[PDB]
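Novice: Okay, here's what each chain looks like letter by letter:
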Amino acid sequence: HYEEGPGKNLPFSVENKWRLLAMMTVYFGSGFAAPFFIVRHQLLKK
Amino acid sequence: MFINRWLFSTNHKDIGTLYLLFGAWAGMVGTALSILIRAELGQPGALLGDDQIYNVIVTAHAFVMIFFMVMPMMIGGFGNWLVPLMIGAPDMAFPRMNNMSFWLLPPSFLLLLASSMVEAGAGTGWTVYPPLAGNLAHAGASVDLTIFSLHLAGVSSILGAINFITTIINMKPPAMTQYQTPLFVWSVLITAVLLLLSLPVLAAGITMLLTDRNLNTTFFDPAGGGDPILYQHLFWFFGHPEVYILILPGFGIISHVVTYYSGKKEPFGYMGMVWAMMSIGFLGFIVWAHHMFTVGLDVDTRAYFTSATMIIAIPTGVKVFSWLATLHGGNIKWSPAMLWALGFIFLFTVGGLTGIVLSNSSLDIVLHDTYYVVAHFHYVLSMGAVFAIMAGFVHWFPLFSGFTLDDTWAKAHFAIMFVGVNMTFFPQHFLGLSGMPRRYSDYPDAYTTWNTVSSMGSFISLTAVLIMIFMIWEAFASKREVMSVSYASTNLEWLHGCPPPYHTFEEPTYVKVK
Amino acid sequence: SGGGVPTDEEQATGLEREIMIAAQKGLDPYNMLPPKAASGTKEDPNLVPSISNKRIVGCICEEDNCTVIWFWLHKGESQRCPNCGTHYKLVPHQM
Amino acid sequence: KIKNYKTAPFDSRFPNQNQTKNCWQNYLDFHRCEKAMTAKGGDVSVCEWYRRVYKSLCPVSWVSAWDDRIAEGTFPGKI
Amino acid sequence: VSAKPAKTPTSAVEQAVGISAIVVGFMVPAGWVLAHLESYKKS
Amino acid sequence: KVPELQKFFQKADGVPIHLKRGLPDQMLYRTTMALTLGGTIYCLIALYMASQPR
Amino acid sequence: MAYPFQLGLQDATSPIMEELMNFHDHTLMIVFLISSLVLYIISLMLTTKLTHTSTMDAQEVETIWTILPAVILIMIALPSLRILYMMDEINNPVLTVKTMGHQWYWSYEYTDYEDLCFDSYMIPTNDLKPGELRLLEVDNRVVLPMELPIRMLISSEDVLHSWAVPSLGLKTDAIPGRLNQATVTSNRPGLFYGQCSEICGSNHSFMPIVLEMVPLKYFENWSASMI
Amino acid sequence: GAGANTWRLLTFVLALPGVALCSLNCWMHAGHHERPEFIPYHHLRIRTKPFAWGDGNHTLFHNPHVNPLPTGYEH
Amino acid sequence: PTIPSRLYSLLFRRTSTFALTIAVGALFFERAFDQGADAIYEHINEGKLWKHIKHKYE
Amino acid sequence: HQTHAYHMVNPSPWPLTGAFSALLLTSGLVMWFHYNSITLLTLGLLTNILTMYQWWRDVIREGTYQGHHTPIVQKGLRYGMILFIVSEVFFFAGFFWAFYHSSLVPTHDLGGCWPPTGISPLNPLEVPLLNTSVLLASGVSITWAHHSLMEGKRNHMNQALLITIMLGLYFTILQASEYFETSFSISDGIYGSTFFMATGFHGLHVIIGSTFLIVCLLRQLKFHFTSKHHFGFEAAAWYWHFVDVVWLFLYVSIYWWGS
Ligand code: HEA
Ligand code: HEA
Ligand code: CUA
Ligand SMILES: [Cu+2]
Ligand SMILES: [Mg+2]
Ligand code: NA
Ligand SMILES: [Zn+2]
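Chains as they are written, first to last, in the entry's author numbering: chain l, 2 to 47; chain a, 1 to 514; chain f, 3 to 97; chain h, 7 to 85; chain m, 1 to 43; chain I, 58 to 111; chain b, 1 to 227; chain g, 10 to 84; chain J, 3 to 60; chain c, 3 to 261.
One chain only, chain l, in its complex shape:
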């Protein structure tokens, strides 16, 4: 049977707060920093 509960209906690990902070900041920072890398690559290309 599947596992249900608070934090157990999420794909990411919940039980450790600091690795959660690290993974959320790298995930949202990668999302934030993707268009900067795109625009610097078209600056480098042209």
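Among the hints, erroneous ones may be present.
Simulated restraints, written as ranges between beta carbons of each label pair [claimed, not checked]:
no., chain 1, residue 1, chain 2, residue 2, range
1, b, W65, c, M152, 48 to 56 Å
2, c, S229, J, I5, 18 to 26 Å
3, J, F30, a, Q178, 55 to 63 Å
Bear in mind the hints are in silico, worked out from the structure with no lab data behind them.
We treat Cβ as the ideally placed atom computed from N, Cα and C, and that holds for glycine.
Take the given structure of chain l and dock chains a, f, h, m, I, b, g, J and c with the ligands to it, following the hints.
Specialist: Here is chains a, f, h, m, I, b, g, J and c with the ligands on its own, set in the frame of chain l:
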């Protein structure tokens, strides 16, 4: 096990949680794109050199946060999280097709990013007006990837709309009729109907554009008998129904938030609300040429379309009056969702009223493709639907996850977001009235000051979104679960507990015999 | 010509087979029809079957109403819809 | 005659916003005059003002392209 | 929605370093790109 | 051929619907996911060489 | 022709767009009235102390709620169509001017008689005459007369441009294969500015339109001494 | 009339004899005239892009006897 | 009231009506069959028969 | 245990597999159009053919081999099929309205005449009238097959559905014949573009309908459709009547009127 849950999913709650994750990712992507766009209009300069890459950034902003923030989060996440839970259905009628729609979304995101990646760039605005999007001004593989991204997003939205319509009409308890469902279910009913009655024109138009680019046809080349105004007609015949897609589940969420924390057991004038929303969903298809009052139409056509634009203006006013009359003498509790709702009502009202100012064709002759238009729709979209989605997420986050956000931090987020977005989008009224056109990387000196003010306001909104991650981290930094939920009787979604288990409605609801 | 196309009293298997078998007896244990025996009286409540000791009960307790009053119903004594007065008693003997 | 002409007048045939059909029909019935006075042998400059009005109406690129398609005998217009 | 108190407490100092870590992690690649564009323009 | 297939497909085993036949369903599942992930990786490599100009 | 801290419209020269200003002020009355009304209601009935959560009556306020926004929108729409049916009257075209939107620049044709056409480029920032403007200067200006109904026939080659001047209240999209007719009347001489109002690629922010309008004796002395 | 037999009759009397009659009639009409004179208008036989299959100038269902090429006919 | 019942009833049931059906069908079949076979024969021999070349020699 | 009467589905992979196969198909079109590669496109085609194959093999497995298809699930299926069919009605309405916009006001580069000068359309009396007769005869054939399913006679509906599939294949092969023997190409003006694009999607849709009829025929030869629960042929008949009414609209709008 992990793959069989989060990749092979066949229940609506986990799939909706994945829409929350993907929509949050795309929201930060488009937030960064908006930071760039306001970032070199603070000071007049070619910070990015040519403005082809600026148009690439603007097109990316528009596409990712129309089709990749607001539609996934709103439609997919809130429908898959709430529509089975309000109506009592255990699941959707077609869960595998819903999962295919969700998993079709990240290839569309990947092809949009790859469309931005190619050195020509798809810098042609949100509308894909040919032959700027043709094979001579945009000779490359980028806009073909943009078209295929729109194909994947449209097919995912069509499959989701099919599942939504069949699970509202068919997956309902038997003695409950259509006029006992909560108003968010009606919102996604008319919304999914307009998706399925709008997206085939978009798909046909962009298939036509792809065939014009590659297979040497001339639907949009006037040298072989085509007409670009055919694309304008087809695109906006899709587009204003898509506009009311972007606004109508926001109306449903706002109605639930307003009737919830005010203590009302029943929103005022339910049949009036339902009539107004079906009136919007019926009048959304005959109004589209208000986007083309400067193209060269016949004057009788323009008079008819501005008349029909006021006829679509009246039921929205009926809805906002019924909101102010379902606040009538209620036990109001100042949760942050009410702060988002009051911000929605006032700022969506002023944005829509500037839309009514833009509606008259004679004034739209001079106020076309200026920042007055940008102020109108950035009000309505960028904070009406935005504050509706934060009202919904802050309200249903104990239901979604289990833990609660801090009320002080959420009200501080409302304050910083309110100040930021109002400072960003207030002075561009005066910019557009002064005559500053849209899609401009650099401007003359006289448009400088308001631009600078608005740009630093955007940075304020940037600070706002930081607090968002912080306060959701604060939830997982506190693990504070709920005691109980108020007004649990009139809402079925709160009544299975926070958060609901994997299999809800194992034995379904019991209906009154009458 | 021929026969060949089968009558669905033989090719019905599984959940389709028991819903057709029960439905042509007139009993619906899989919630396909609106139930009967409306009585909000104290001595004669609304009887609702169950397989667990807990069930959703919705009350559209006055005719042509917007909101359905949703509440959990538990095994034991019958308590009413919390605004109108229609009784509800759960009987957990339906598998 | 009408001439002492200054600028092409407002035609009642096309009162609306789009006026490409005006110069299209004007170039067409200019050539309809041209072959009409060719066929009947009349004076060709009786409807002289048609060239003045289609040079006043539609741009030089379109009339240059149309005259080039006359010059190679490849104009789909009814002439 | 009435909430139970926190099963894990959160003091001021870990909140402060959390918001500091979030802002520096969000601003160091964005500020890395925007801190220098003369190198990306091949000037 | 249908009623013995009805009796077969009500195994009450817990094996999922895509693996109800057993060995050839397992083989077909493996060969429809392995080359699909290979095609996905090939698509990412294809877009990566498409991104860098010549 | 903008100026810093401008909140309202660009000031009037054409009668069509000063009537547009009159209608703009009237609809600004309307939006101020209803925005102040909803602001007063929002700041009012959120600031009460009493509660009323009964099953109130519904069908007793909809007659005013239906007829009053219709009344407001019809007093909005009567001057709308009144001025909309006044920009398309019986034309008396003293002058016809064609323009055709080249790839990030313009061309203008004065060929009613004695054929004249020119291509208008942009003055660069580093090539500016002192005292001039940034992003709003053109070497070859568009010369028009005053007090006269003049038509613009617009077109383009490939991409969708838009000939737009807000001070005169003109904005029409330059489309290939379709010339559009836009009337213009001016009551003052001078130099009136506008920009592109449709996207046209990698220099879309870099084409201005400038209208120098002068009396007619300088038209003989100018068009007779230009080619 | 609650019967498949009227549709059976309607297939075997109206539908299949009708399609047989129009098939034979199209075989009577199966005579095609000679090709038109190659006049190169610029509003057709256009190439805004080389084609993505083979030569780049042949269409997908190209036939060399009725379908021209922008260079002209080919023999 | 179905179509094969009424087609049997008012056309095939009586023998005199059967013979009237046969005679009228014979006349219409003669005309249609003559047209069809003549058209097939002139298509197979396109340009070969005398009526195809009759117009050249007036 | 499930007490309600709905369908609970096992966790299936082919949503993800089909979505990534669609990614492979779109990228295959991109690289064939711009880089001349076929292998990735054929990989995407192979992936989504077997994906669709075993997804609907699964749907067959709960339908006729497990019997989870409750009548309310049948109502959901017929609602979804009606929604899908009005989706392509409105899709082809977009194509139609593009054709009417191109046709009713011709531009100055066509000569202002429909059809334009230099393009000679075939008159609709010989071949497209034959197409309309084929599709109408197939409509009477599927109505006969549906009513034979109503009565429950096997060999008659077998013959009817063989006739339907035979005329569907006859339709697509002689449509390929008129593609072979037309006087103009897809690059030959706006008339050629509109006509070939509309007829191309109609040919694609009738190929989908013929394949769906082949699938339901092979299902019925394996004794799947009963006298009441035979939703596969109901969806086949609905799609086929859709193809018939769409072809009637192409016959009127493109062939007979305006040409
Ligand atoms: C959700 C998004 C949203 C919403 C609701 C609207 C709503 C409206 N929009 Fe807009 N619109 C857009 C998104 C939206 N729009 C976008 C994205 C574009 C540009 C796309 C592009 O960039 O090309 C656009 C463009 C656009 C234009 C084109 C301007 C131009 O490009 O030149 C016009 C003009 O007709 C217009 C009009 C309207 C009108 C009249 C309404 C109305 O529905 C507003 C009604 C709302 C109200 C709140 C009514 C207020 C009424 C009361 C408060 C009651 C009292 C009233 C009386 C007493 C009368 N919109
Ligand atoms: C979804 C629609 C949407 C939204 C929200 C926005 C939001 C914003 N837009 Fe956008 N904009 C468009 C749609 C939108 N815009 C379109 C369609 C165009 C025209 C494109 C074209 O030219 O064709 C446009 C054009 C446009 C321009 C035109 C560029 C130019 O004319 O030169 C500019 C610049 O001022 C701009 C700025 C902004 C800013 C500063 C915001 C800010 O509001 C951004 C701040 C928003 C957020 C921070 C969202 C909150 C997100 C989160 C909280 C993360 C998600 C997580 C959870 C919800 C849990 N927009
Ligand atoms: Cu020309 Cu923008
Ligand atoms: Cu619109
Ligand atoms: Mg425009
Ligand atoms: Na800039
Ligand atoms: Zn009750």
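Novice: Indicate, hint by hint, whether the structure satisfies it.
Specialist: Hint check results:
1. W65(b) - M152(c): 48 to 56 Å: holds, 53 Å
2. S229(c) - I5(J): 18 to 26 Å: Hint holds: Cβ distance 24 Å, inside 18 to 26 Å.
3. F30(J) - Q178(a): 55 to 63 Å: With a Cβ separation near 58 Å, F30(J) and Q178(a) satisfy 55 to 63 Å, so the hint holds.
The structure meets every hint from the earlier list without exception.
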